[PDB]
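A.B. asks: Listed here are the chains, written in short residue letters.
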Amino acid sequence: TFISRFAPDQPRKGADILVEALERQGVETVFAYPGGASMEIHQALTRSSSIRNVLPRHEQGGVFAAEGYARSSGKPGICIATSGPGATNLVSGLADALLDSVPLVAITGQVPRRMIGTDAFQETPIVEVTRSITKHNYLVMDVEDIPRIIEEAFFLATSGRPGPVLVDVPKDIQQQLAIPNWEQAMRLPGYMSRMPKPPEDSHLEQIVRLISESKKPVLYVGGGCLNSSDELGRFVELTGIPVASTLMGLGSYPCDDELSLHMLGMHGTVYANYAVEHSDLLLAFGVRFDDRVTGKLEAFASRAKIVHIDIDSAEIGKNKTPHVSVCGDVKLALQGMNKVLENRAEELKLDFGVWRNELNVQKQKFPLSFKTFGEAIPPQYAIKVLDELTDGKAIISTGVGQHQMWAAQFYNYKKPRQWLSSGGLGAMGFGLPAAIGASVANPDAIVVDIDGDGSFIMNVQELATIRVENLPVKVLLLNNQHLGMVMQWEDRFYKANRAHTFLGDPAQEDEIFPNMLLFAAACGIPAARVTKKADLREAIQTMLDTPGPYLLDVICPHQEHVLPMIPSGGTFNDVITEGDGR
Amino acid sequence: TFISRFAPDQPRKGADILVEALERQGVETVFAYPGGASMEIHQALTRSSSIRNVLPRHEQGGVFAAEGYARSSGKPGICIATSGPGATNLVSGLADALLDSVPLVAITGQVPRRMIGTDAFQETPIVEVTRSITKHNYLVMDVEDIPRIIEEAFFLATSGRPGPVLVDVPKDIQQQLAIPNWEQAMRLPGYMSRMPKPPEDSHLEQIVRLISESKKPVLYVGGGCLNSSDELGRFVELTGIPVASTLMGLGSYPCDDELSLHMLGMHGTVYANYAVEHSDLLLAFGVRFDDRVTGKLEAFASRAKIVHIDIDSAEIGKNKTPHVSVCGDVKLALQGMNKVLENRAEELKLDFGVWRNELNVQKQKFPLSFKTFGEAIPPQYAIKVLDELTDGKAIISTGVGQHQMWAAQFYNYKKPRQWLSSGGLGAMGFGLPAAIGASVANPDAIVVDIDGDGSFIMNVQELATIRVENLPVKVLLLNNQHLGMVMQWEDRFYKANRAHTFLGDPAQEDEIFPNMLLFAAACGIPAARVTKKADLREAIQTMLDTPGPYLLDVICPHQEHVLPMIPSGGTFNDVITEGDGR
Amino acid sequence: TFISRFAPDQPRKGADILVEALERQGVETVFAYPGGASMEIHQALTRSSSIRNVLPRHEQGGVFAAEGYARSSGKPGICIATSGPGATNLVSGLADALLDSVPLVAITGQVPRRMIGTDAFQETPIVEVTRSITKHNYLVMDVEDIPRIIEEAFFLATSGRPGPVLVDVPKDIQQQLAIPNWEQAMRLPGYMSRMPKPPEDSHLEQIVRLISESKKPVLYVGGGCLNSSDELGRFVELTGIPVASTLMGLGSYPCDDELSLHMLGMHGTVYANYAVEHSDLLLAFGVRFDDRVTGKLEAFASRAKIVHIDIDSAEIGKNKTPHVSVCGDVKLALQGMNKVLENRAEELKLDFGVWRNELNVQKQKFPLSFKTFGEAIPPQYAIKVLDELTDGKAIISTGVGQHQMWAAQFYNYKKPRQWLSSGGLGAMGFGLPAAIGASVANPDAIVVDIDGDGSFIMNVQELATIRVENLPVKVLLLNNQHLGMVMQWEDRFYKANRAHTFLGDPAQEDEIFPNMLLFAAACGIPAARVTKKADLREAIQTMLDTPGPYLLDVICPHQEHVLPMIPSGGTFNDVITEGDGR
Ligand SMILES: Cc1cc2nc3c(=O)[nH]c(=O)nc-3n(C[C@H](O)[C@H](O)[C@H](O)COP(=O)(O)OP(=O)(O)OC[C@H]3O[C@@H](n4cnc5c(N)ncnc54)[C@H](O)[C@@H]3O)c2cc1C
Ligand SMILES: Cc1cc2nc3c(=O)[nH]c(=O)nc-3n(C[C@H](O)[C@H](O)[C@H](O)COP(=O)(O)OP(=O)(O)OC[C@H]3O[C@@H](n4cnc5c(N)ncnc54)[C@H](O)[C@@H]3O)c2cc1C
Ligand SMILES: Cc1cc2nc3c(=O)[nH]c(=O)nc-3n(C[C@H](O)[C@H](O)[C@H](O)COP(=O)(O)OP(=O)(O)OC[C@H]3O[C@@H](n4cnc5c(N)ncnc54)[C@H](O)[C@@H]3O)c2cc1C
Ligand SMILES: COC(=O)c1ccccc1S(=O)(=O)NC(=O)Nc1nc(C)nc(OC)n1
Ligand SMILES: COC(=O)c1ccccc1S(=O)(=O)NC(=O)Nc1nc(C)nc(OC)n1
Ligand SMILES: COC(=O)c1ccccc1S(=O)(=O)NC(=O)Nc1nc(C)nc(OC)n1
Ligand SMILES: [Mg+2]
Ligand SMILES: [Mg+2]
Ligand SMILES: [Mg+2]
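Chains as they are written, first to last, in the entry's author numbering: chain A, 86 to 667; chain A', 86 to 667; chain A'', 86 to 667. A prime marks a further copy of an entry chain.
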């Protein structure tokens, strides 16, 4: 089933063994930036015909690209960097992948073994630095271990709760000649013995019982459902329970469906948060009860029986104590409960119409809304138009801040892995690189980075990557000349006292700065600016129609505020629904 | 001697106490990028009138800027970032400051104390992550400790062997009201009891003895001498010993002086390495015997008595065992030895003319050299011209790679703190941000970033910072469309097999890509390109003469190789002195 | 409410502040062994009139004594040791207290601060060493922190899940003069915000629901119920559910009651394990699903709904996933469920007579049994007699091994804190020292150490402590000349191949060795030996009647085997019920 480029008895460099280790794992793409300690690895890379390398312009671009690749394909993302500065430049990406549970395998070059700990050239104790920001990590001490460690890394990064795994490879090991043993068994007894077994019928049937004994059920869906799109659908079909999603769960259940309550949390819909606030049964599937979502834990779903299904036991009962729990794959649980629900519909007679309408009225009285001023472009509107013109089938990556919230609020995702956004760590500059990985993973898809002017500029160097790699990446830049989300808090809680939130030039207060169009031009990427709400539709359509990469600079009034809003640590009763920075 | 903005009995936010803590330390500038967990700190910042904030476009820009500020002023650099992604984006800067021993104080916001360890919004265990890449770090657990911890941080960052110190401040502590006690004593008994005492006359006089009993003495100067410019000068004057400098020591002794052997090491002059190879007395002052400099330790200064004066005992005998050592401030030792040398000249009669000429001939036979092809611009030449037109009085910051080596080789530094380059970690993208800090620290100085096209693009977003802050930063971009240093190794040790070292567009092999001029234009920074060696002088002169920031895109043939070169782990006998990538 | 021996304005040594810190905590006894680094503390101790010190003969005796004191009084145990060897000699005790969740506060002297990390005289990084074997630990760096750290330590050791807390105090801090501030607030925001809130009626009532819907309920009681003796009683009274206890839970519910199924697990009764094996509802209160108890997790209570009430969330779902969980104080939950059970008895009509009899028959067919051979003394019998003559009201401490199991099997505890045994770590030599602490904590109680000849000899030096302190400690030494439990496994799984399990003298195979009677004599403790089952009753009675300490050397045939026995990782179907080493 696999053909090596070497004879089973022919010795080859550890670097070449590391690359074949990747090919044997099904790796087709990696994002690697060459450095002294990883030269061997890059040389081995060029000897490969099945693995393509997307050279980024910054190691951080590499990780974020790998994250996009992973988040949009369900496959693990692979990034490679040299020692020292190379490796430390991945740090934010690793922490981001760990907090969001995105499978990622990071390989870093290291100084030769004998040089470790001596303050050598371009040396950093990366394994020490990344131990708390990765699911697991390694320092290869012998070429003989390469096959086994690579297999283990991918396994660990992919199984259970996905996450990042870093593999540190000393240069001397990369140069050492050896004959790989692809038959080596993995040394993960503890981990493998702790892997959840499929859910028991007893547990699942008790849940279906609770569902039939409830009057106000609510589904609390998160990132753990990204691979249960179909199972969840059939489930909602058989129970008729309204679905509230987290930022990480967007797309598990179509936001356009009538049973969808959309996103809950700090910036969730008034009706989504309402449903939870008054539910008597909370079905938390693939969620981690984040503070962004729960606000004051005690007030969160205070009057309801909570069911929590998570693949990580450490998460069950971390913030909220469930009445019922199931440590396992939610995809399996949904399938199990689905069989039961089908072969008992007659006697169950599930009907939540009353509750559903109690919510549809809330959905009618307090829907997502925005205001249009003169000919200024409403960010929400731009995203609303993008949706329309792409028929909600585009892969959307974003930065962090207000634009991020709107991209989540005003675009309806049809499927999972269409939404690529940093939620746990919320790292700025994630948008452009993430789109790069996504595009490489989905060559025929519409990839759009809905970015902010602050987030966009942080990794603007990846524009060069986009041009050279010829990725049809579209950039919908919502330019508001400010660090949006932070200025919103300045307005709400600091009497609009600006403390370094303005990103333009004070010498020319009324001038878009910088001129993002020229950053695009510098990398041979066609771009245009839009300022009038009237030209928006045609502008976006152009971006979409023009083959290849494209940057649309959408100017927006900065005084916009993301609403609704439940202050940090607040209650549903503290939800803010009106106001802005005017 | 200090006037607070609050009454000694008036309670104020921890954030305001943290800022006054900075003002009481003499801080005038900080490089802070606002984030959720640090909002309070930024608000307190705007209440200050003595502290100016230079808002960067990326946290990494912030650290590197702080490093430049420090490296060019002898003062500690201060950068502030929010929690999570903010904090992790400083990692490379901290590691860089630790390896190069540059005083730096980094402050990061943190989620509220009660939220620590719960996987909160934008939370990362930064103190855990940075413990091995900082001199020391803290997690403030009470507003009462702010005054003391800030004082301790600056003390630790500034004293002994300078380095970075990170202070983690939970948001709730920033908001807590209290009355600061600026009288609190520091809790550093261990550290303070270990601080070296001034050198003993016995030790110093034994050295002067060794000097008088030697025939081939050589001074091995490094970054530890950056504050002993005058002392070292008088010393060389009284002994007439040739001076070899490390990359970090450039400028301690004028490279233009006839007694200067310039830089030694991997890319040091043939004569500098020769002097060491045959010296019978090595005066290692403020150096750490780096592998870049020593090559194979056993062959390094194998036939000579080694004297090592270092402020860090852990460094004495780490790689090479001295015959004589002095754990203390080299500035003090030089002064001590200088008194002795003056009051004994008569009986000492130091005369190393023979040795000096044995070297001046080597300096004549094997000098630094470059080749000029047709009208192509030689990078070495461009730097040679910059020197001339700036009369070697400019502050030079750089990226990493070939251009870095040439900037060190072909520019003569008159004083220390004129050279700002990442040597230990060798982090790319250091050049532009470093120049920003340097300029802010030296408003009337000529600041030039001699960058590479690969390093420049990594933090190209700081161009916006430069324009908005109106810093007269000049950028001498040596554009060679490649990752220079790595392609050099490809040519020498990999049969010129290119493995992702080309930074241009393959679709247009013969086209400068990206167009750096447009990156400059995007930020309203005047720029020009130069391709003919003939227009070089006028182009550079223009850059220098044009007020404000300026970017000169100097195109260079990529087949240039930095020479001479002693392969990694080699001997002086393996020194390569000829060849390139043609 | 408290009277200091110093004026509120009078400065005193840190050592004196540390002692008053203890007095203010209600400490009356401490077990401290003087050493160089703790001299100051001992001097301060003698100045106290409310605190008595029990000087042990070994630091390990000190900890184990403190454990006994704690385990038998519900109060925290306090031990003090000097630096270096003193501190490392507490290690086993700390690990033991952590695994069994016994509140303990350990104070260790340390070299002066400035000497830390320099390899000073009697220096060990105890805080580093004990971090993983203590609930939490500290290194006092300032005399000003003493009051606060002591308060925090006791709080942490006492609240939530009790455990050991070590406080490292440098000698210079002990000597520093200062004025204590007993008003200092604690810095435990994270911990205090995570402390479980009282159980919700919703959760509790759902449990009472499950109870009424079950036919085969079983109570799984552990050490977490040691303070819910009365609540549990009323609970069993209102539900009539059979009670199975763990080794740590013995005494929570009287083993003599007819509703008692006694101990379950590896060496639990056949009927106790049977009840669990066939229960349809498992009420796990204050247990941690230990491998000794569960055997193969999947087979454990495989056919029943599991309810787990634990004060530590980390324990809920660690080994077995419950159908219902309650993170909180089981004492509160029992009280809550008790109110509900009382005000609903009429409609509940709980009747488990059928199940109860299905078990009473198992209790009849497979009861605990032992065989008597000629006139040899059966260990089980000796313990059975002790019970009778003490009317099961004695406090029993033990060593580890077979005698430990029998002491648990053949003695009926009426109340909690009557049973003092090392269960998690299972540390030998715990018996004698533990009895010392217990006796000091319960001066009027009958304290008996049922020890093994191997465990007894390990800390036989504490006999001196017993005599000097005049503690009426009785020692029922079950002498079998072997390391009992290990020889049992040799017989069962190693064809009786003795591998260093014999503790007697091979030169005189048929001679009791050593002569424990003489160890007693050496410390002026009356002792006697018993070899005939006939003299047993009178011998034990004598021990009990003779005032003061007493040692009874009970000789037993070594071929006895503790039964029943479920092999490690086995199933109820693998339970061994017959055989020995004959
Ligand atoms: C500016 C900003 C504002 C934000 N505002 C909001 C907001 O208003 N509302 C909101 O929802 N979020 C918001 N967030 C995102 C937020 O920080 C959290 O990232 C998000 O709430 C996490 O949701 P999650 O727990 O569902 O997903 P994840 O964090 O991805 O967690 C998924 C969980 O599912 C489990 N799981 C994984 N795979 C499986 C499987 N196969 N079977 C069973 N279980 C599995 C995991 O182990 C884990 O516990 C915001 C972020 C930013 C940057
Ligand atoms: C591409 C590349 C190529 C390189 N090539 C070379 C090369 O060819 N030659 C070369 O020299 N370097 C080269 N380097 C730089 C190299 O990595 C090391 O950074 C440099 O050799 C370190 O020199 P140093 O030890 O003198 O200075 P530092 O690393 O700054 O160390 C200074 C030392 O002085 C001590 N000290 C500090 N203050 C005082 C005081 N007041 N009194 C007494 N002692 C004190 C310190 O504690 C420490 O041990 C290169 C780097 C890169 C990125
Ligand atoms: C030779 C040998 C043989 C052994 N054989 C057996 C055997 O056959 N059967 C057996 O049972 N054990 C046996 N053990 C003991 C065994 O190792 C474990 O110590 C014991 O099973 C632990 O029981 P536990 O979990 O109930 O108690 P603990 O270990 O004390 O755990 C108590 C639990 O209760 C929780 N809790 C504490 N306080 C409260 C509160 N107020 N409210 C709610 N929850 C609380 C804790 O946080 C924790 O999770 C043996 C040990 C040895 C040395
Ligand atoms: C990355 O460093 C190490 O891994 C490293 C660190 C310390 C000693 C020896 C090495 S090495 O001998 O095995 N490789 C090495 O030195 N490589 C390298 N590659 C480039 C492209 N430029 C330069 O030096 C200018 N060096
Ligand atoms: C940074 O997070 C914390 O420190 C943090 C983390 C977890 C809980 C509570 C906080 S907080 O209540 O004290 N501050 C906070 O939540 N700030 C904040 N600032 C901005 C500008 N945007 C958003 O949220 C979109 N939140
Ligand atoms: C315990 O050591 C330290 O704590 C220690 C360790 C290193 C330096 C200084 C000390 S100290 O000066 O503060 N105390 C000290 O030296 N005490 C002590 N007590 C006895 C009873 N015997 C001996 O020495 C034979 N020394
Ligand atoms: Mg913005
Ligand atoms: Mg280049
Ligand atoms: Mg024995």
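Among the hints, erroneous ones may be present.
No copy labels: a pair is met if it fits in one copy or bridges any two.
As the list claims (entries may be wrong) - Within a straight-line C-alpha distance of at most 16 Å, the following computed EDC-like cross-link-like pairs (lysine to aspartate or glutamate) qualify:
hint, residue 1, residue 2
1, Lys478, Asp529
2, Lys434, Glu362
3, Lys450, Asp436
4, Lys300, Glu362
Since the hints were made in silico from the structure, they are not lab data.
A.B. asks: What hint numbers does the structure not satisfy?
C.D. replies: Hint check: 2, 3 fail, others pass.
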